[PDB]
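Asks: Letter by letter, the chains look like this.
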Amino acid sequence: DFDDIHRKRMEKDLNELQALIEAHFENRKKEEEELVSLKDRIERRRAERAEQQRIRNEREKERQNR
Amino acid sequence: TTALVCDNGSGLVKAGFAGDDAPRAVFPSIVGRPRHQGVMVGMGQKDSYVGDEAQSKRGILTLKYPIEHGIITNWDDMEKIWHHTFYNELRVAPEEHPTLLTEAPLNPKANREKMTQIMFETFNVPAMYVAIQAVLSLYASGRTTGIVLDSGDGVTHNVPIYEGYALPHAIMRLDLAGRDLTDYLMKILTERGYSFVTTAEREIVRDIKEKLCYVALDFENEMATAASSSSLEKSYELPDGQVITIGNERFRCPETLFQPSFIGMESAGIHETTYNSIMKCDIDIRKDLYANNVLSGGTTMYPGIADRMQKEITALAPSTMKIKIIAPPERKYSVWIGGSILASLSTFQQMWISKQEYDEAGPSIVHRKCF
Amino acid sequence: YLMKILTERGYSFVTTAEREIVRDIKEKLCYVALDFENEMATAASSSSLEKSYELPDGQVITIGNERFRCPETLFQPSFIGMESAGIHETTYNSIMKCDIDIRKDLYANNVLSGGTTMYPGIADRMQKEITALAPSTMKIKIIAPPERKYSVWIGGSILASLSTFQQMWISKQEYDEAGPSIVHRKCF
Amino acid sequence: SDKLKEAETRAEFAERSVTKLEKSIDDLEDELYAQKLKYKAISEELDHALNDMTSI
Amino acid sequence: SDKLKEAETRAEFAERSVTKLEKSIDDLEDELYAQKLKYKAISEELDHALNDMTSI
Ligand SMILES: Nc1ncnc2c1ncn2[C@@H]1O[C@H](COP(=O)(O)OP(=O)(O)O)[C@@H](O)[C@H]1O
Ligand SMILES: [Mg+2]
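Residue numbers (PDB author numbering), protein chains in the order written: chain K, 86 to 151; chain B, 5 to 375; chain C, 188 to 375; chain M, 229 to 284; chain L, 229 to 284.
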């Protein structure tokens with residue numbers, strides 16, 4: 086007894102810390118930069134949609150104005 | 005085959021196969037019948053949602069715990085909980101697995117006998133064994149001595165053990181536990197305007213207690229500080245909005261543990277029943293018990309309790325002895341980890357209550373040599 | 188109320204037959220304003236709202252700010268002298284009487300039905316009002332299917348077509364044994 | 229005449245509604261992107277912290 | 229008849245546009261709200277970490 090405390094504690098004392106650091110690094114890398122880039126891409130597409138909407142609205146208002 | 009280490013508890017049922025690190029399925033032990041009428045046809049509405057399913061439909065249920073203070077008050081509901089645990093959370097038929105239940109100290113005999121009778125007749129297990137909830141928590145710490153304070157959610161008990169020889173005359177069982185703290189918190193929240201009454205809102209108050217409350221190192225200084233500054237007021241968002249702000253209710257709810265006069269209980273706090281439990285022991289093993297005080301159970305997870313308790317005991321104890329409080333990070337599942345370790349032992353493999361033995365002596369076999 | 192406020196321009200409808208004409212006017216022209224005071228101010232300055240309508244015999248009429256004042260009575264029942272609160276606040280009160288744990292689901296699944304909820308622009312006014320009343324965190328969503336008028340009957344057809352429901356009918360022999368008071372009994 | 233008056237009127241309502249919807253859509257999307265970018269800035273704060281934690 | 233046909237088709241197209249826009253709005257709303265809850269949770273756990281640091 087009291088000799089399995091080493092073999093159940095020291096293991097996770099380093100392996101768990103290193104593995105969680107690895108998980109945090111990979112999750113941040115996968116998540117944050119890709120999300121910001123994708124949001125910028127969607128913003129550019131949204132601006133293009135806004136331009137298309139403005140053009141169509143203006144041309145239809147020009148024709149229909151009677 | 006492998007053994008099933010179930011642990012009924014009172015508030016959270018923890019179960020899993022023997023030999024692992026953590027319980028496989030942990031879910032509240034509540035059985036809630038619906039209370040309204042119900043107009044949709046064919047919706048597939050059941051008559052009783054148990055376990056973690058009734059913590060999601062709790063808006064239209066009346067949850068009721070089947071275990072009040074360690075003892076079991078509603079046997080049909082407890083049978084339903086066990087059936088759910090075996091068949092849906094573990095999906096292993098009990099006909100092929102030994103079981104290791106756990107029971108608080110100083111409980112009524114009839115409860116234990118009915119438990120074994122159910123396990124042998126309804127579920128028809130091969131062999132079951134009942135163990136005291138504190139010896140397991142001592143197993144999990146890897147010690148062999150020490151006095152363990154297992155403050156669960158139903159009942160707080162304090163079993164001292166030396167060199168493997170338990171001291172039956174020094175067990176101090178006190179019935180203040182997490183549930184009474186939930187009720188007291190729900191009662192002092194009314195001083196700001198928030199009223200929780202329904203049995204469903206008791207769960208919300210429990211969540212508030214878990215996430216916000218903490219044990220003060222010194223009570224009077226905290227009461228004075230919270231009454232002048234506002235650095236303590238932490239806010240919390242209800243399940244529908246309308247955030248609430250908890251002031252000095254934060255450290256007044258768990259203070260009831262050290263002053264049970266708050267909820268009208270006469271007895272002394274958990275800081276003084278441990279010292280009394282030690283002083284009943286012999287004069288030559290008091291140093292070891294002082295040095296190996298073990299904490300377990302859910303309710304001992306309050307942030308800052310391992311320092312308050314040490315300060316209190318150091319105040320009570322003689323100045324020469326060293327007071328050390330073992331507070332492992334895996335406190336909540338300490339009893340179940342110990343249960344897994346005990347069930348995995350080879351020396352223990354012949355202590356099970358085999359079914360043929362029960363057939364020969366009846367349910368009263370549990371009080372006999374097979375304890 | 189529309190028939191009563193039309194008299195402010197000169198058009199008097201009195202006969203019970205002309206109530207049908209006023210109903211047609213209400214159906215075809217009235218709409219619910221998103222913001223009441225701004226619309227009242229706009230209709231009193233410009234003339235972009237005045238829509239005309241041809242009676243069953245000629246003599247077209249022009250409806251001004253009577254357009255959004257008729258259906259505004261729903262959100263301010265004080266117009267027709269009723270004390271109670273509008274349909275924007277009785278829904279919030281009906282929610283708040285429910286238990287504290289099912290309020291989010293009710294907030295997110297508010298359903299509109301019935302004919303009178305077909306006014307153009309009501310699904311936005313009601314959402315704005317409830318969002319004003321409700322806590323800021325909850326999401327308020329208003330389900331307004333295009334088949335609103337017949338929603339009750341479509342649901343009735345679905346319910347009558349169910350197999351599980353086939354044994355809930357009040358069979359005639361049961362009525363013969365317990366009288367007409369059978370409806371309040373188990374067969375609801 | 230009744231039919232086409234109805235159709236054009238409800239169509240005009242549809243156009244104004246849909247344009248309001250488009251303004252709503254753009255505002256929601258841009259606000260979502262701003263919030264997500266704030267979150268990713270927080271994530272890179274945490275990632276700098278994790279690089280410090282590389283001390284372990 | 230010609231004006232009626234053209235008006236009806238324009239109306240139906242705009243209507244289907246309306247429905248699709250509503251669906252898109254709902255989905256983006258669900259995702260944005262999930263992000264919002266994620267942010268609140270991360271901030272709250274961050275503050276809990278700060279208070280844990282205060283403790284120790
Ligand atoms: N993190 C926590 N902080 C404070 N209290 C907690 C925490 N977790 C659980 N509790 C309290 O402990 C109780 C669970 O105790 P538990 O050890 O599961 O009891 P049992 O011995 O019946 O298993 C809960 O009712 C809750 O009130
Ligand atoms: Mg326990």
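These are computed hints drawn from the structure, not numbers from a lab.
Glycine residues also receive a C-beta, built at the ideal position from the N, C-alpha and C atoms.
One thing to keep in mind: the hints can contain errors.
[Unchecked claim] Cβ pair distances, simulated, as ranges: (1) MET305(C) <-> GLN246(B): 29 to 35 Å; (2) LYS268(L) <-> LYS118(B): 33 to 39 Å; (3) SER252(L) <-> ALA262(M): 37 to 43 Å; (4) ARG126(K) <-> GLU237(C): 46 to 52 Å; (5) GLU145(K) <-> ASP255(L): 23 to 29 Å; (6) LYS118(B) <-> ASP88(K): 36 to 42 Å; (7) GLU145(K) <-> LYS268(L): 39 to 45 Å; (8) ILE284(L) <-> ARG139(K): 55 to 61 Å; (9) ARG210(C) <-> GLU136(K): 42 to 48 Å; (10) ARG139(K) <-> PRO307(C): 20 to 26 Å; (11) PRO38(B) <-> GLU145(K): 52 to 58 Å; (12) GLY268(B) <-> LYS268(L): 35 to 41 Å; (13) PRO307(C) <-> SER283(L): 46 to 52 Å; (14) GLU136(K) <-> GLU273(M): 32 to 38 Å.
Asks: Compare the structure with each hint and give your call.
Replies: Evaluated hints:
1. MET305(C) and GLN246(B) have their C-beta atoms about 34 Å apart, which keeps the hinted 29 to 35 Å range intact.
2. Range check, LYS268(L) to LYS118(B): about 47 Å between beta-carbon atoms, so the 33 to 39 Å window is missed.
3. Checked against the given bound of 37 to 43 Å, the beta carbons of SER252(L) and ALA262(M), roughly 19 Å apart, lie outside it.
4. Range check, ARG126(K) to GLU237(C): Cβ separation about 47 Å, and the 46 to 52 Å hint holds.
5. For the hinted restraint 23 to 29 Å between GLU145(K) and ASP255(L), the CB-CB distance of approximately 28 Å keeps it satisfied.
6. Hint check: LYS118(B) to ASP88(K), Cβ distance near 40 Å, so the stated range 36 to 42 Å holds.
7. The hinted window of 39 to 45 Å between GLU145(K) and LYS268(L) holds, with their beta carbons roughly 43 Å apart.
8. Taken as a hint, the range 55 to 61 Å holds for the pair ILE284(L) and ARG139(K), whose Cβ atoms sit roughly 58 Å apart.
9. In this structure the hint that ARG210(C) and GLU136(K) lie 42 to 48 Å apart at CB holds, the actual value being about 45 Å.
10. A C-beta distance of roughly 25 Å is found between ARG139(K) and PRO307(C), which places it inside the suggested range of 20 to 26 Å.
11. With their beta carbons about 55 Å apart, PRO38(B) and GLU145(K) fall inside the hinted range of 52 to 58 Å.
12. The hint said 35 to 41 Å for the Cβ distance between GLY268(B) and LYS268(L), and at roughly 39 Å that hint holds.
13. Checked against the given bound of 46 to 52 Å, the beta carbons of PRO307(C) and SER283(L), roughly 59 Å apart, lie outside it.
14. About 35 Å separates the C-beta atoms of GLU136(K) and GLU273(M), a value consistent with the hinted range of 32 to 38 Å.
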